[PDB]
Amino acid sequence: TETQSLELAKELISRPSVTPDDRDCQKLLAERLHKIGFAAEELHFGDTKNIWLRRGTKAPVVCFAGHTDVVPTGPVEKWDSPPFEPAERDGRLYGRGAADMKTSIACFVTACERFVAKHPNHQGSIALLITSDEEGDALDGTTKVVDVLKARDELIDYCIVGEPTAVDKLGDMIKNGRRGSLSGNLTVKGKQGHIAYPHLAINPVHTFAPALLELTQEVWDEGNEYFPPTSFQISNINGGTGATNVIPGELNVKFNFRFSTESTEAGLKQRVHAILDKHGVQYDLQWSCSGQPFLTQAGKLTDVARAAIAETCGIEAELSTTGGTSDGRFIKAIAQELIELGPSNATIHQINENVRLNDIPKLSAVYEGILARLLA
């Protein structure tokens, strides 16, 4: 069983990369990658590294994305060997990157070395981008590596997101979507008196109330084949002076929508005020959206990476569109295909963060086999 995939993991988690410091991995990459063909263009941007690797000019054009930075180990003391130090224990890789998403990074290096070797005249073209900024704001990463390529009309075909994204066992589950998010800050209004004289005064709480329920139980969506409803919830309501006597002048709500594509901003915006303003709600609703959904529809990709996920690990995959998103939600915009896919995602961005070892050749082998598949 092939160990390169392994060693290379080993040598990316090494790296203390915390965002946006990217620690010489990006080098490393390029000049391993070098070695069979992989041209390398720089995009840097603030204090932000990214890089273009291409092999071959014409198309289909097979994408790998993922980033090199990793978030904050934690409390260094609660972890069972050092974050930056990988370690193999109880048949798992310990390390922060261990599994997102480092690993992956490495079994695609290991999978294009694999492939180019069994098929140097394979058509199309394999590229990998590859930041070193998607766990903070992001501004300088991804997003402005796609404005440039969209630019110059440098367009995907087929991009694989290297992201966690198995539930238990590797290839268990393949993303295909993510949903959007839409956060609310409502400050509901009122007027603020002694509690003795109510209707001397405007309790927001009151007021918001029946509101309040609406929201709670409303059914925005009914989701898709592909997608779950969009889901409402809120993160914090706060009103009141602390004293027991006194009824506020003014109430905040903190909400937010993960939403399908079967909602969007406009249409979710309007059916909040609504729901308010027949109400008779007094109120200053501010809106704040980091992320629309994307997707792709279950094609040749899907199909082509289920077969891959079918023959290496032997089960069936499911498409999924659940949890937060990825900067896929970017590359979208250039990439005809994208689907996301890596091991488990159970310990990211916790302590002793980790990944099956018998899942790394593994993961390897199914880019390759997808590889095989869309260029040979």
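Positions refer to the first chain, counted from 1. Note that the rigid core is defined as the largest set of C-alphas that superpose within 1.5 Å between two forms. First, how it differs from the form deposited in another entry.
- Only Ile247, out of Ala111, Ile247, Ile174, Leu170, shows a C-alpha shift of 2 Å or more between the two forms on alignment of the rigid core.
- Relative to the superposed core, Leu155 undergoes a C-alpha shift smaller than 2 Å between the two forms.
- Fitting the two forms on the rigid core leaves the C-alpha of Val71 displaced by under 2 angstroms between the two forms.
- Core-superposed comparison between the two forms: the CA of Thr302 stays below a 2 Å shift.
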Given for the second form:
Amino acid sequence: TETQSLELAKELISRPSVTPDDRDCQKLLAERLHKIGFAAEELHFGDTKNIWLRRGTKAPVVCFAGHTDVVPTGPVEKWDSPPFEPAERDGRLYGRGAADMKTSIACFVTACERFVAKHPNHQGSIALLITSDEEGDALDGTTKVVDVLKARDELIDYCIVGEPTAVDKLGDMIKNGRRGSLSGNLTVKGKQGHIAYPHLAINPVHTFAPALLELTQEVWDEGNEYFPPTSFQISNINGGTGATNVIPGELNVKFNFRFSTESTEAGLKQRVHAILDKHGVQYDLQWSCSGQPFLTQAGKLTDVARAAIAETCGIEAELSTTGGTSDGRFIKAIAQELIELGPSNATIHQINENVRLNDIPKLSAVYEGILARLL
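One more: the block was the form deposited in one PDB entry; return the form deposited in another entry.
Lone chain follows.
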């Protein structure tokens, strides 16, 4: 039906907002929604731009959240059409950010427009929480805006993060949470020496081997109705001097857990240390946690999104926690219920990123359906 969502998505995709630059996407959003009574609050931090746009002063507060930054395109000539000149081809819209996640943003802005026109006196409030750094280190984006909101007791009842969540067809999957991510940087200590005198050296690959095996065979947990089993995966392993006749004196290993609520950050660290210690490994281990798992169990928000998807798309949406993470991990601190909902994530962060054209007005009509069922 409407082509306003498509037209706005094109205009957004045409701006090369590679992290953390915004290229005035947030200005364009702010000025457009100002016309139907969204107040704009700019929250810049370091080189990152953020905005909190809000219509209304009372509960329930429904927030759309998302990012105007996009990942680099890589060599442009490898693309079939230029990444920042959105093109319609074979029933798809192609461009960097077409899926992740400018089309969602456009769809939400138009849903707000249609909803407010139909229901000028609706109850509650509608807000957008938009960052120009989700894709980078994200130290100065959403997480800083959330802290500001929380410090002034400006809380959210329902949040929809517009990340692409579909497997294939729009609405087939929504996310009601994500795994936490806990990473370790392990340095196993041995003693370097000539390879032909192994009794005078300590080979850190050999001392690590029995622990490595136990770690990669370990069952961390069962998962549950909402989460898959916690996952351990080694990303990098490096040891040696490059000489083929030397035993190295240390070995570096980097690993990560994507963990469910069935396990805790402290529990996992303890188990790793205990595995390494059981096998007599000598090491340094530095940990870093980029996020705790978060979960909105079945409730009004999940029911509403499901009903909206059933009405617009004709399919039964699956709730999921799989994949990576998003800025929902920050926003959940101030949102009582939060989900993520957007188009297919199949082509994100890749050349020839795209979204099906027929999915664009459908997405907006889903978001408009949600607003109508909550407000």
